[PDB]
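Protein chains: 6
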Amino acid sequence: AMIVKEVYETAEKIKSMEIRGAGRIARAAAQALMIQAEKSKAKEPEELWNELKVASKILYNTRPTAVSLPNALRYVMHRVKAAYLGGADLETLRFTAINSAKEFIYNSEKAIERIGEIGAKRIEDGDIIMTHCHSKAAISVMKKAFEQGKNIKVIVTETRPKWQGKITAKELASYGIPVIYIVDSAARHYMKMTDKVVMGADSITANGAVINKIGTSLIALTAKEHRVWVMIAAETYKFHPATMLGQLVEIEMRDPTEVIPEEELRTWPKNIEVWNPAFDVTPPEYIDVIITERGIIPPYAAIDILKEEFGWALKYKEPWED
Amino acid sequence: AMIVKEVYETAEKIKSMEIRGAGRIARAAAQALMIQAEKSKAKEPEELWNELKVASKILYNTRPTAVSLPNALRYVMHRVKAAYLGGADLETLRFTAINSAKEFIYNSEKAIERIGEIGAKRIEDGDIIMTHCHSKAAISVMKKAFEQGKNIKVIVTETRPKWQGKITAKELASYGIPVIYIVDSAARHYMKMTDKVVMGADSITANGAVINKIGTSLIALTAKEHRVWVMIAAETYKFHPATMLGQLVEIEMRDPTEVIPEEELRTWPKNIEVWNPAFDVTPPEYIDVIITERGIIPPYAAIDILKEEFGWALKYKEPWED
Amino acid sequence: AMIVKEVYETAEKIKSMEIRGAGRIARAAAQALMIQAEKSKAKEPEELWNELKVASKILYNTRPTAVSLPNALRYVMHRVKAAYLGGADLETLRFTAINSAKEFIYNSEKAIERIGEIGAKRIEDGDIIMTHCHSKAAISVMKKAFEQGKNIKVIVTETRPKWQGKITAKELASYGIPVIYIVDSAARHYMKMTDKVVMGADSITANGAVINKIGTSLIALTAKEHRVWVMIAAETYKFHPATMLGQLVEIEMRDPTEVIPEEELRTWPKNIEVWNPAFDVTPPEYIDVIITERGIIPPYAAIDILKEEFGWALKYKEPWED
Amino acid sequence: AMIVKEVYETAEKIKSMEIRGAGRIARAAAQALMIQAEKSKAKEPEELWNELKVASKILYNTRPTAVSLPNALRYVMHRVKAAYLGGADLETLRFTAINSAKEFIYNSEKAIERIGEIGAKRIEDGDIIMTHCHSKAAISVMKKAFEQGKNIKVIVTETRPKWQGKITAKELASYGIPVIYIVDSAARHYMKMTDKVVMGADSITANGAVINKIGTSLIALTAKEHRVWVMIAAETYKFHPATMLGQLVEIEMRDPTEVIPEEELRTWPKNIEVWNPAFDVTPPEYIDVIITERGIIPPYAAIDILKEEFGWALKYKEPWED
Amino acid sequence: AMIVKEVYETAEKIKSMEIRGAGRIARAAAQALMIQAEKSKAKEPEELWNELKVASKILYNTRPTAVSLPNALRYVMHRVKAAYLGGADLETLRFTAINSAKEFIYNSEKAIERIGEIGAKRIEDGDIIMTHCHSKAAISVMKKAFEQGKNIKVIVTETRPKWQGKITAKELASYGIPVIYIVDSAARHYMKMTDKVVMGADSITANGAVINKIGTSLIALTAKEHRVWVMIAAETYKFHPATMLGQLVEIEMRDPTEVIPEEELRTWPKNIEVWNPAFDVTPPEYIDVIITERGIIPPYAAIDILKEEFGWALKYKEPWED
Amino acid sequence: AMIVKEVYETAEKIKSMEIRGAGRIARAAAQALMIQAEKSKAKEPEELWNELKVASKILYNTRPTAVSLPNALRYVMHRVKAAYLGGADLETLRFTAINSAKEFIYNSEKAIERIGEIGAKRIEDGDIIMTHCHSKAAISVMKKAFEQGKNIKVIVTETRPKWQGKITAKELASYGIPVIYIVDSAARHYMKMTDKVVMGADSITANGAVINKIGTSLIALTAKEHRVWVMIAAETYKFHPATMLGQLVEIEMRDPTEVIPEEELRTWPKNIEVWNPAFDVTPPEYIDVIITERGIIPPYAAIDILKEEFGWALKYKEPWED
Ligand SMILES: O=C(COP(=O)(O)O)[C@H](O)[C@H](O)COP(=O)(O)O
Ligand SMILES: O=C(COP(=O)(O)O)[C@H](O)[C@H](O)COP(=O)(O)O
Ligand SMILES: O=C(COP(=O)(O)O)[C@H](O)[C@H](O)COP(=O)(O)O
Ligand SMILES: O=C(COP(=O)(O)O)[C@H](O)[C@H](O)COP(=O)(O)O
Ligand SMILES: O=C(COP(=O)(O)O)[C@H](O)[C@H](O)COP(=O)(O)O
Ligand SMILES: O=C(COP(=O)(O)O)[C@H](O)[C@H](O)COP(=O)(O)O
Ligand SMILES: [Cl-]
Ligand SMILES: [Cl-]
Ligand SMILES: [K+]
Ligand SMILES: [K+]
Ligand SMILES: [K+]
Ligand SMILES: [K+]
Ligand SMILES: [K+]
Ligand SMILES: [K+]
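Chains as they are written, first to last, in full-length UniProt numbering: chain A, 3 to 324; chain B, 3 to 324; chain C, 3 to 324; chain D, 3 to 324; chain E, 3 to 324; chain F, 3 to 324.
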């Protein structure tokens with residue numbers, strides 16, 4: 003297949019984390035499919051279809067843990083598959099792909115804005131909020147509550163090894179929100195003064211577990227310990243359909259040099275191994291609510307989001323497979 | 003008073019953490035008093051006594067949290083005080099100081115070796131041990147168990163912000179112990195595969211609480227969560243006499259530029275504050291045993307170590323005060 | 003608008019708690035809209051519509067915490083509103099108000115009887131049951147169990163500050179049920195002998211939390227500590243629609259002189275503040291089941307009752323608004 | 003009245019536990035109805051209908067606790083009853099009974115197979131799995147994970163008093179799976195080395211509680227203590243519809259001589275009573291997932307399985323009742 | 003036999019709770035013995051000895067639960083008994099009684115002062131403290147922290163049925179301390195805002211359990227739930243020696259008319275029983291420290307206080323017994 | 003050495019468990035050293051010393067887990083050793099062996115009686131008590147309570163694999179105590195009706211952990227879940243000195259054919275391994291008190307019993323070593 007440059011570059015940027023965060027990765031995948039479709043020099047429906055399948059596979063094979071990425075490719079490719087198999091001609095097939103992409107992208111933006119509005123109602127004047135990593139859905143909540151006049155402060159954890167917390171601290175301070183920045187290890191120490199914990203998600207499973215940046219689960223555990231509300235801000239496309247049929251979520255292991263720079267690491271002895279898991283699993287007993295664009299649910303209702311939105315597709319193969 | 007150079011330099015090195023770890027800080031303080039005494043050009047007992055009081059105050063005012071430092075100065079200064087007040091002449095007073103210092107220093111070395119031997123009996127062939135920071139008492143335990151032929155591995159957490167875990171990983175690997183190095187945030191994720199947790203202490207309180215490097219308490223919490231043994235390796239001079247009469251232990255707050263380098267931090271906006279607590283408090287319910295040079299105790303027997311060894315001195319003022 | 007006397011009187015009696023209990027308040031509110039529609043001297047539909055709107059606002063601004071009140075008002079006014087906007091003449095609009103209110107009242111009564119039949123199946127012969135406040139729904143359960151010939155005893159807590167427990171003790175004893183009356187403080191001490199706890203609700207939230215009379219959450223906490231089943235008897239109109247989209251339930255703060263009578267309180271020093279929250283929040287982890295007129299549910303299924311009964315109205319404004 | 007000997011023999015064998023296991027019991031009851039219908043010498047539909055009702059009652063009165071049995075009888079009898087009341091003639095009613103019986107049996111076999119395929123995806127290479135009693139649904143899970151090439155080992159508890167664990171041990175070993183066999187008392191002692199607990203169910207209630215062989219609740223309690231996953235493998239026909247309306251599940255008390263043999267027991271004095279409950283109740287907080295043939299659910303979604311499959315029947319009497 | 007009216011009046015006042023609080027009751031008993039000895043018209047030592055024994059018995063039979071009372075009687079009577087049996091003459095035995103009484107009283111006053119000084123060091127500036135009942139030992143703590151210039155605020159629970167919280171509220175406010183006054187039921191609701199719980203004790207047992215005013219156990223349970231420190235301020239004479247040898251502490255059941263006044267209660271039907279326990283048992287896992295006049299201890303060191311102070315007396319009968 | 007027949011026989015009977023129970027084993031071991039000293043035909047002290055050493059080694063290499071055995075051996079042999087090294091002639095050494103052994107036996111018997119008197123004070127009229135295995139110390143408690151006229155019932159668990167519970171059930175019933183006999187698996191199911199749990203010990207460690215018959219820790223876990231008091235009746239010679247200096251208690255693994263009789267086990271597949279741990283470890287958090295002959299202690303005071311009774315011997319070698 004003739005795959006445009008933009009697919010390869012998007013995929014590279016997803017792998018190296020120049021494009022990061024689960025929502026954004028998903029939109030970048032949709033965007034990459036859109037562009038494959040705009041620029042295809044294919045002449046028959048079958049050549050575009052083959053290109054879109056191949057592009058989808060390229061994009062799916064970047065980072066495994068955030069289900070947002072394949073849910074975006076499915077959103078597009080289910081619709082493209084149905085049009086192709088229904089006898090669509092070339093320009094019809096192209097436009098199904100382009101318009102599906104745009105639609106996912108728009109709904110993603112709108113879901114995040116609505117999660118903001120719903121989640122902000124739970125934030126109260128004077129609240130100290132602790133967060134972790136950098137999540138646009140969680141930030142949407144904190145930004146909105148501040149826009150409503152509530153005087154909040156946010157405790158931002160630095161989020162080793164990639165320092166996502168620096169992104170969050172700078173962004174929240176740019177909206178005028180006072181920030182306290184701490185190392186991850188200090189989360190129990192400051193949990194007494196915290197009123198709420200607001201974090202994002204990469205995948206949410208059928209039984210209510212949340213997969214999110216390495217350390218989330220520790221934060222949640224000590225939050226529960228201290229009876230501090232744990233709120234997870236997550237779009238419907240963070241819910242993981244394959245877990246309904248027993249699939250385990252793969253935890254991505256990333257390069258040890260994100261932890262210890264190559265310069266330093268090559269001087270270390272062989273009998274030291276560096277392990278660098280980028281995500282951990284938080285069980286539902288430590289989460290009080292998930293804030294989606296359709297409402298607040300307990301984590302044990304994740305299964306209902308999945309049955310409503312994604313169950314239908316589980317009988318079929320992935321829409322990009324042969 | 004005429005204070006020798008070595009007192010000022012020791013104190014500076016303690017403050018900047020070029021001399022670090024609670025045991026070592028204490029020995030460096032004893033050592034500094036020893037040298038003030040060796041080199042004093044005082045002519046009367048009262049001039050040396052005044053110099054030793056002043057030196058003690060200099061040393062006490064470096065870092066507040068590890069009670070090892072004042073317990074060492076007390077060990078020396080109680081003995082010096084009693085000799086001075088008993089009418090000691092100059093050379094007698096000098097030697098009381100020098101010999102007391104040496105004695106603390108020797109007993110410290112021997113206590114750590116014995117903690118090693120006692121703690122190693124609790125480590126079993128095949129054990130995966132998790133640790134935090136860099137503690138010579140904890141390391142003594144792991145080194146000894148490896149010397150006994152037990153095939154162990156150690157999970158070393160990096161210990162932000164000062165990276166003490168790098169010291170530990172390199173030291174344990176130099177003895178031939180296989181090391182797995184992880185960020186602090188990954189401690190819950192790897193707690194399932196961990197058999198034992200072995201950490202040090204800076205201060206242990208009357209009710210059994212352990213004050214140790216920022217993050218210890220999170221590690222302990224998730225250890226308890228997973229029914230993983232939490233063992234604290236601590237010399238008797240880590241027990242904190244003033245807590246028997248209600249004293250709270252001060253948590254040292256260190257410079258924000260240890261978290262975010264000055265180059266980067268000066269570019270950040272004013273409405274971000276960086277908080278850098280160097281220690282946290284682990285309650286006794288999350289500790290299974292303390293390994294001292296006199297045995298294994300439950301954390302609730304800390305009070306007995308204190309009553310035996312230090313209660314006597316609480317009626318009196320600090321031995322270096324006027 | 004020409005608001006009839008029974009509306010003002012009902013509103014004063016809800017406010018002063020001469021009419022109290024969440025179900026009874028809701029039925030009284032529907033009865034008041036009923037009497038307004040009956041006696042209105044309106045000539046136009048637009049005039050009666052406007053009277054019912056104003057009556058509704060009066061009734062809604064009485065006590066904030068029990069969502070039964072607005073759910074009753076909505077039940078009548080969604081129906082009145084749809085009639086009005088579909089051109090109903092005067093007598094059609096009138097009958098729609100009167101009939102919808104009678105429907106609400108009749109369904110409320112049947113729901114309570116059915117809650118009793120369902121809940122009584124979980125009560126066993128010889129059971130000691132502890133309750134709190136005065137809940138018609140909880141009493142329905144206990145009364146039905148006793149009529150089945152189960153030999154029960156009920157421990158009734160006094161329920162400060164308003165003494166609702168006196169109502170409960172005399173009601174149960176007048177049905178022939180043996181009663182043990184205790185102070186709220188004694189709930190842990192007698193939890194060892196209790197087999198079941200049965201309490202009502204004022205509001206149940208999307209995440210499964212139960213808002214009920216101050217003290218409820220303490221009793222639930224210690225029931226859970228002791229593995230004593232906590233059952234909340236509640237009608238579907240106790241479920242709180244706005245919590246689906248993030249709203250917090252307002253906790254009513256009633257007058258200090260309910261706690262300390264005015265004649266005593268005026269003599270107390272100024273630096274004493276009396277705080278009188280009329281409700282607390284029991285988290286779903288301390289509740290075993292909610293008994294609704296449609297069946298036994300776990301508390302985390304509250305979101306399903308809400309989705310199916312109330313979710314449709316949330317995109318619209320309140321049916322009594324301009 | 004003219005009941006074939008296969009109905010009586012099936013009943014005897016259920017009661018004596020020659021036919022045992024909840025799914026197998028349900029298959030054997032459907033089969034017994036099948037045979038009554040095939041061999042009936044009835045000449046009129048009302049007479050066949052009577053035999054099916056009497057045979058249903060005889061099979062229902064065998065063992066109380068596993069709801070699979072009545073759910074099987076209902077599956078056949080709801081269909082038979084609708085055909086009888088719809089005017090079906092003899093051969094039509096006969097066929098309805100035979101074919102409904104056959105479908106239940108075939109659905110049961112397929113459901114156990116699908117549970118295996120779904121549950122096996124949760125099992126990872128190198129897993130130690132603990133199980134209890136003998137459950138074909140739990141075994142299907144382990145058998146499929148092993149066929150996928152996962153090197154698992156299974157800890158099998160003996161399961162007093164009837165020794166069902168001997169069946170499990172010999173069966174898993176015949177498939178190639180290594181087994182560690184222990185007494186029920188040792189389950190906490192080996193919970194440290196276990197990665198997963200996989201058990202079956204007799205009845206699952208509307209609140210998510212699982213009723214299973216005596217001792218299950220203990221294993222789940224200590225598994226929870228240790229953060230070991232508890233997975234319950236259970237077909238939809240193990241869900242108990244009467245619990246939706248408050249019914250308590252009856253715990254079967256079996257003969258004391260299963261505990262102590264008759265010869266020994268008759269020598270014991272009369273102030274010893276032997277108590278032999280065959281099942282216990284595990285609360286939903288100690289269960290991570292239930293694996294049904296429709297997917298993985300949190301136990302709190304048991305109510306959703308009940309609503310969509312069984313709720314409809316609750317307004318009617320039992321299809322075998324007069 | 004010739005008992006002075008002050009003994010009888012002291013006893014009446016203890017029984018009616020005109021003299022109340024464990025420490026005050028013990029002081030009043032020592033004082034009553036003092037007065038019997040001062041005013042005795044006995045002419046022989048055996049006759050004074052008899053009066054002291056009879057008066058001890060009368061004071062012992064007033065209120066059972068607070069061990070301070072018998073410990074005060076023992077303090078005086080062990081000394082009196084050793085003087086009588088050592089041959090003391092009249093004036094010698096008289097003086098032994100007077101002076102032992104005086105020492106107990108003076109030691110009690112000093113002990114409460116020292117508890118204040120020790121406990122106040124645990125209180126930090128800005129602390130919200132919750133308390134229960136009226137305890138002079140707990141109040142000494144708050145009063146001293148305020149005198150040190152810590153801006154504290156105290157949540158005082160009303161303490162039904164005798165309203166001891168009104169004493170506490172008015173007393174702390176008279177010292178300048180702001181008070182929030184609430185019903186006992188609201189303790190969980192305000193536990194989120196509380197930094198510390200500070201209560202007293204009637205008896206502390208050999209296993210670390212604290213027996214204190216009804217409701218204490220509830221407050222400690224929810225404090226533990228919230229990670230709020232529970233501190234018990236208690237003199238050494240609140241430790242219960244008979245528990246070392248297995249004795250159960252008797253929980254006083256007081257008149258029902260303290261709960262419901264006589265006038266109302268006589269109108270109630272006979273199938274209502276009012277139960278009025280005046281104390282409950284808080285287990286040691288819910289207590290962080292006991293603050294004695296000898297220092298801070300974990301509750302598990304209660305046995306050490308008992309061993310060193312009281313153990314000696316357990317082989318003897320009560321010093322007032324024949 | 004000329005070892006008498008009774009030593010070899012006693013050692014075989016400990017090994018085969020014809021002599022079992024930790025206290026009884028200890029008394030049998032002392033009785034065997036006694037008989038060796040009685041019948042020895044030694045001529046020199048050095049010869050008898052050497053016989054007693056060898057006899058001791060034989061007796062110690064029988065069963066490893068109950069420290070009562072070596073503590074008995076030490077009791078006799080510390081004394082024999084000190085006599086020998088202080089020049090005792092033949093008859094003096096002999097008498098020292100015989101007398102020390104008789105002293106151990108007499109003190110063991112008195113300790114058990116006294117444990118009974120102390121423990122029975124914690125048992126109340128109407129109590130349901132659950133026990134496990136067969137512990138003379140626990141039986142002493144129950145038997146004394148029943149002789150005081152407390153109307154108790156005892157739930158006795160069968161205690162697989164060796165059925166020690168049959169011994170317990172018949173012993174208690176022969177004293178007139180009502181007995182309910184159940185399988186170990188049923189302990190959680192009947193924990194709701196139990197008021198107290200009373201069990202023995204084999205070894206108690208420095209950190210407060212109790213090593214007792216397999217299953218003990220499970221019963222303790224669920225007692226704790228249900229707030230049922232767990233009391234361990236144990237003599238001071240059940241406390242384990244070497245744990246003070248870090249030693250782990252060896253858990254005895256007994257023969258697989260205790261679980262599955264040889265005639266059945268030889269027919270089972272090779273990939274089944276039967277594991278038969280005779281003991282487990284109950285952590286101190288699940289124990290309320292230890293009842294020793296010196297009084298009630300919390301489990302965390304085990305270290306005090308050890309320090310005062312046994313600590314002195316730890317710097318020396320075992321008194322039967324070369
Ligand atoms: O764990 C991360 C980022 O992972 P990484 O940095 O590894 O992509 C974020 O919390 C989620 O992705 C959700 O973010 P959002 O709410 O922005 O979707
Ligand atoms: O918390 C630290 C180091 O603090 P820092 O790096 O701030 O000195 C170590 O665990 C203890 O000091 C004990 O170490 P040791 O066992 O070596 O005394
Ligand atoms: O909290 C209360 C009463 O509040 P108040 O007395 O302040 O109105 C009752 O438990 C519920 O309202 C339920 O009662 P019911 O089941 O009767 O609706
Ligand atoms: O409790 C038992 C057997 O009871 P019994 O031995 O008393 O029949 C099994 O775990 C379930 O019945 C599940 O079995 P399956 O998964 O085979 O249905
Ligand atoms: O329980 C009470 C009072 O009981 P009552 O009101 O029944 O006497 C107090 O908390 C303690 O007695 C401590 O008091 P203090 O610290 O004053 O000794
Ligand atoms: O664990 C057992 C017996 O082990 P076994 O039967 O394997 O010897 C008993 O509970 C203790 O030994 C205490 O018994 P006692 O209190 O009688 O010493
Ligand atoms: Cl709310
Ligand atoms: Cl051990
Ligand atoms: K907090
Ligand atoms: K582990
Ligand atoms: K109970
Ligand atoms: K495990
Ligand atoms: K708090
Ligand atoms: K119980």
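Check the hints yourself; a few may be wrong.
The list cannot tell twin chains apart, which means a pair is met if one copy fits it or any two copies do.
To be verified - Here are the simulated BS3-like pairs of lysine-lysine, each with C-alpha atoms no more than 25 Å apart in a straight line: (1) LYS226 with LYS194; (2) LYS152 with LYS272; (3) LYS59 with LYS123; (4) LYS138 with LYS272; (5) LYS104 with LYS59; (6) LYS123 with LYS43; (7) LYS41 with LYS272; (8) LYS317 with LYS146.
Because the hints were derived from the structure by calculation, they are not lab data.
**Prompt:** Among the hints numbered above, which are violated by the structure, and what are their numbers in rising order?
**Reply:** 6, 7
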